[PDB]
Amino acid sequence: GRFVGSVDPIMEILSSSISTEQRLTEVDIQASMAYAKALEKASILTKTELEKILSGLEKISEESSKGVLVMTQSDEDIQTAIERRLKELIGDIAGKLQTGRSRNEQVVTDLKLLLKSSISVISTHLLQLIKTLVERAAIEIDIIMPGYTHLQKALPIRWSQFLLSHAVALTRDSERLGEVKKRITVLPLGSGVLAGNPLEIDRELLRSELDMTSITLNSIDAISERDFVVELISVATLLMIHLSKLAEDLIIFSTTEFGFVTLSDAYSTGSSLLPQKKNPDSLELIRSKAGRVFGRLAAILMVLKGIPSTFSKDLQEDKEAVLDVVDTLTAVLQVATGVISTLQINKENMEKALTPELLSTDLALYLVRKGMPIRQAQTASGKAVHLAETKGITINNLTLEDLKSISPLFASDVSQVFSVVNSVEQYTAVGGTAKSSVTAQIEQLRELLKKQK
Amino acid sequence: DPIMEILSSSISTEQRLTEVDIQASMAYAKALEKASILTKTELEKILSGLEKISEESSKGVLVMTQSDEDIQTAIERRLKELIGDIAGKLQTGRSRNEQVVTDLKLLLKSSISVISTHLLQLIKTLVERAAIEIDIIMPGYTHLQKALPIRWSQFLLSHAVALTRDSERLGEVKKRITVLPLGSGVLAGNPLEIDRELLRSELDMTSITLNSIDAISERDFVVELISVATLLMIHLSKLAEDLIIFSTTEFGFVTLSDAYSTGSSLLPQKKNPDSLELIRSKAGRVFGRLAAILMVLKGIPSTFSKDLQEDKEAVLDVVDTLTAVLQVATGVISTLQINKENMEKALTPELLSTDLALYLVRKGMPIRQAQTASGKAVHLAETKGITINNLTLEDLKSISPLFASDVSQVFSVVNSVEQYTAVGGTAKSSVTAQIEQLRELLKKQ
Amino acid sequence: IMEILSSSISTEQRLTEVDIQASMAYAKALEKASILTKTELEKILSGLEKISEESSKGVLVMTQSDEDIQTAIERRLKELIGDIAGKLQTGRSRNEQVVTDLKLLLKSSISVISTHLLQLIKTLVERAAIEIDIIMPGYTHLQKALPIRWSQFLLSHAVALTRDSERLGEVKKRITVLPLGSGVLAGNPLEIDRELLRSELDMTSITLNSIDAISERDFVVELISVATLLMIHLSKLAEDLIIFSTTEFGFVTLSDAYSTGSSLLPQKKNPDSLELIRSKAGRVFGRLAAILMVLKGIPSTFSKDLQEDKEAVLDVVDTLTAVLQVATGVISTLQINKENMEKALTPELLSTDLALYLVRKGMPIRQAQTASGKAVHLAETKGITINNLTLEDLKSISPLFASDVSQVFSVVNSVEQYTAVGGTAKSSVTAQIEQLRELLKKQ
Amino acid sequence: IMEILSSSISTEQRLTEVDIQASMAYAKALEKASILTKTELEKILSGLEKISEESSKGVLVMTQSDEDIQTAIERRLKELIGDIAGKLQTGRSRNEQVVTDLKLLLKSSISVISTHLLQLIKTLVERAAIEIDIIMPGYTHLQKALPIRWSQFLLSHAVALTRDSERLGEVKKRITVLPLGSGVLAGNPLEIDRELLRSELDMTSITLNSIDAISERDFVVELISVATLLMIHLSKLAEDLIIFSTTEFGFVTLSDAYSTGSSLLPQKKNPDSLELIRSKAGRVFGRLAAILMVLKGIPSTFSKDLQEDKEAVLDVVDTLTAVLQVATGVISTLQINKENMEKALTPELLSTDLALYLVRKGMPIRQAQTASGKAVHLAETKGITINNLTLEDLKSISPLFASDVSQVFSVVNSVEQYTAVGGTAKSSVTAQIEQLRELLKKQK
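Chains as they are written, first to last, in the authors' numbering: chain A, 11 to 463; chain C, 18 to 462; chain D, 20 to 462; chain B, 20 to 463.
Calculated directly from the structure, the hints in this document are not laboratory data.
One-sided and incomplete, this derived list gives chain A residues near chain D with beta-carbon spacing under 7 Å:
1. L295
2. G301
3. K323
Below, a list of computed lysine to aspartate or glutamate pairs in the DMTMM-like style, where the Cα atoms sit at most 25 Å apart:
4. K461/A - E241/C
5. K191/A - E185/C
6. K357/D - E435/D
C-beta: ideal position from N, C-alpha, C; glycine also.
Work out the full structure: start from the sequences and follow the hints.
Okay, here's the thing in structure tokens:
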């Protein structure tokens, strides 16, 4: 058994922690200032009362910034703490601010207000990462390296093509982030307990004061939905997936075995006895964070699944979940930007990784251009790799006489095929790795970034 | 090892991509003929052959073996059986890596249209019933406890706006689905200066991928579609919970048609909400697919690998499940019967104690005082063995002299509900406004 | 930035005591290996006992400078004993310390969870034994199906929780496998005595392979997994009581300690406690999904990914510990409303029993059901209830009916039919209570 | 539509046999309870075996007209025995049939999975015993750290998998708990002998409470949960080998059976199989997530939600079964490249062993490390490797260096230091091999 009485403190430690509640103090102060003005317009508050109210709130605002706004366990949430503090410096008048207002609408409002601001910060860091990748791609556009499929060397490609693939994926995340922002800016304040505000409050005034793009259409939905939370986290999860893959790419490319890249000392750790060993601690951290964010997505969906269309304590889990995601995402984008802007590419090791064999497909494409069918062209180049293989040499060292025995279509210009530059220049069609396509990609991305305003 | 095949995508799943893989092949062939890889003559045979295979596929007689491992290979073999050597030319500069991403997107493009239609139909149904039953008033809840009177229509409209946000999200996803990746080759792009713009046109796509590595290795469109489908299901799982509770005999607010429930001969009162329970459980099935694909993509190289293969089964399950659920949901909403009398009885006098407080507020009394006062009234009535709706004006004057003769208008479930005229409330004028706005958004979609 | 990207200090500080305890065992083993002299061991042992003393007054600190608790313990020793403290790190790695400390912490955490789990189960069985005579409606698809004992309902949850309890016990034995002495990856290069480490730390065994011991987090995964299913069970119990506590059903009423109200609505008792419990299932599942994704597809060695295990498992233990105590309070203080349970017991609920009666009279089930259905229909048309039909009425349906059919219309006789093991008969419920008390006797 | 949302035929068919057996057992209990005559029992049993031998040639057609396998079997029983078939349903419910059948099926499925898991484990240990002499670089953060025996690596996986085997065993105990005889929800009302049902079905025990037996799906969650952790382990092994079979690393080469190549790129060996194994971990995880979400927040009784358990758990058993066989084949047919592993061991990786040398000579570890650090730095400046330093050079750094310091530059000596239990020393690896062989044999 367990008989505590009519309180049981243990259930209090299951609610949002005070450190979390404090994060919403400012947005709750702004929301209340807007509501106060609306009340005066509805003749609930006199101009005199409004002035004492707005003054008191401003004072509390200053206290929050100084981090001296005290909150007790008895104040179960920041909304209560703020009302207590107002009564403390203004007196009874303070109680009139809650006329027709419910805690049910405060929490959703405050959370949306906080995210509107957070998305902006996230967005800023996202674009920096994209700009960093596109610009580095434009600078190292002459670098050529091996491209992979199934982590096996397939053919030569431009290192810039690799960087641009990530930039393009992150641009889609950017686009999704922008779409989510439009739905977060829908103000739910003025929905009361469930049926809406009963005092003919002017919600358009609330929207204007709070700088929101619109107001909620239905009071029941405004109070019980947490779509904005789910989307944001969902969008943040796919973004983290992208970064987890880049982290994987660089971890492999930074191995001594591959030796394509080297991380700055700022984003790695080493051993005093093994001065060559450079641990990609930063990338491993990024990769693992994809799991932390996904975990918040799974949690919130499970929380919402199957509960009635109304307000219930269940919804309380949204605060910790989103704050963790925004803080994680924010710190992660900054670290990623650092890693990419300060890493060093080893052009030497990249070329040396490009062996002649990687050009056997170009050898068949050559025949195809001479009119020969792909099937026949393929088998032809196959005999070439077999011949050189027997002659203990590479294909680029096969005389025009050796090739001539395979097919009469092999002219003198066949020597042009054995060039990593000619190889990559074949892909001029939109999206390919030719210097011209890469340049066009960089231009289109620059334009997209600009359109992120 | 034969078991390797067992872990591969099932044949019944591969057959689902026959039509789109064929359309993608015809467009490609037209592009090869322009790049002079195919003669005008070769183009005709190929196109004619693909049309024949397209016909067999529609009659369900296009056979595929385990040896063909995917539908792409089965299509090529069949073309060769119909046209001969010429068929091979169709795969010049093309890669298996780009065919699958193109086929899924082409298929998904069609699927979304279907889903959207049924989504819109479900929303229109809710909006339309809301208009018809705008005068019904039931108890409103918080924590599943009666809080205050509210209009049933306000309830229906809440689910309606949530669903419109899903509708809006589906539209945004579609824009990224229609980006053509065909022409990216194996990884570095197409090596024969193919005209990707032609492909785009021949395939009714809105644009073409900017980077070949990305276009071949990304599955954002898959995870994005499933995420949207998941939130949508969460909404339906919430609607199912509401209706299951409202359809209990204890609550008795609604009754499902025989079409969406089961019963017993020995118990006529018993009407099991099978359809609702089914809908609720599908939220988990769809979520499962979301979690599956996310875990598959986490931490793997930015290129092509066999891990990607899991996408096909996962998205078809989601689209098939979503399509069926939407129709069943529309059915349930269309044929359910509401029990006005029961909604009526549930509205007890005590539920107006708050309006009694707002009455004093409008008269100038501070909100704090009003609540206390109203709390005195609710207690006075207890110590009288009567409800508050029938307290003498003398009994009220003792609480506060502000109580006038017009205080009798508060004891009306209709006057209660009519207080909420601000945008979004239960007042008739407000509910009507919501209906008009949703009715238009529907049109604009 | 790492200021919010690294493991929090509040979590690191919780590993203080076990890290000290682990360091003391290592020191003793280092002395046996001759790396430490009898005198050096005393100095180190002495300082560590001092750091433990400080940690007993929330004194020991940390700063962003101190990446982890392992580093803070080392710093504190040095600046309290001298360079001698640096000898303690001989052949020891952080890789093995973190995985060792965590296992040491969870070992005591499981015992705490276990103690609270059993209190809940004990509370449910003892209550069932006291209210064994209460009869209420049983449901399927949330629709009334037949009469059932309320205790049978309480016991269904108690037996589910015992499977959880049993699983916690199985996880426990894999947690107490000491990984200390695995070095950076290939093991301890100083021929350290791992058996001395095990006994000092009071563990049941030691790891077999150094690579595995350093890179596996199975124990974290199965602990959270067991916790997740247990939470799924509490989420279902929460749904049941939320439904039963509505005014419409009115079977239960929560105490004021687990409910929220209002002055304007005295009849409104919000089941906050049950709503919180239900959402925590999501919270715990969230920790499961996260760790599983962190582990998926990474190389079989140490990497910074593993760092996420600490926060996730502690949130789970803290949540679980609080939730179980809250669950116990709700179950021991709630009130059942027998009057409402009885009133929900209507005659038609006995139509199935009317069929069994005929079956016992030799009639095949299929026909007995059609016969009972007719009786039901006949009662409706006459505007009465099945129990008001006359024997002549019943004989018109089947001459097999007799005067003893009147025994069928008793809610008590109805539940007393289910004497088969596990049924709702009083004798059956009594057997469940006895067996569960028996199982609870496992320490 | 309402039906295209119900489990598929091929899924329901998987339950034909176990449903048949459960019905025979119920019939016998009925007769004993005096509901069936000694004669009627014979009719029903004979008709059930006929359907059993019928599902033998796959002659039973679910028809899709039947909502589930239980219904199909009841309809098909009447079709050849007459109205007597209907008496089989006395006091029985569909609610208890579905859970009973699922458990009966999983009891046998676990056996199959178990068989393949052990074969995999045995393959790893036996190969570890055969290639015990091969040495390779060890990694942390995917950076070379120190020399290590390749067999130490293989064994780390075998030990992880032995933990999965143990968990599989504990789950079996709870799956063999018979729920038949629980009725619709209150239990069986005809005083049927459940003990008879248990022995007739070869189960370990019977459920204690009818409400729990009907609405719980713990056995489903547990199995998938165990299967998920097992797949996580295999996803890591896939990651290891994918990196090791890379050209850049070149330590491992897969057989043609588990890889794909190119006629143009004879060097191309795509690790298709491993990539396949890595993605199934997500597939299985998805089933776990789906079921946990289906069960969360629903009442403690029977409802349609519960029907999602069938497809999920079967997809999991089929996947595990296949994946383990493929995993076994990869491990048994792969080839290691001793030259590449060997030539990857650089002298630099022994700098730590140099520090240990001094520690064994009585020098404090911290000082011992700064010393090797100077040797490491001195070697660089001179443009030579650490193993090429002369006694003279070393002795200036510290007099504790002697001529025996030359032994330190042996990858063999290096790995032979870890003689403590669980280490890479040859005698430790062998000890591990012996323990697992006995642990595998214990499986009886």
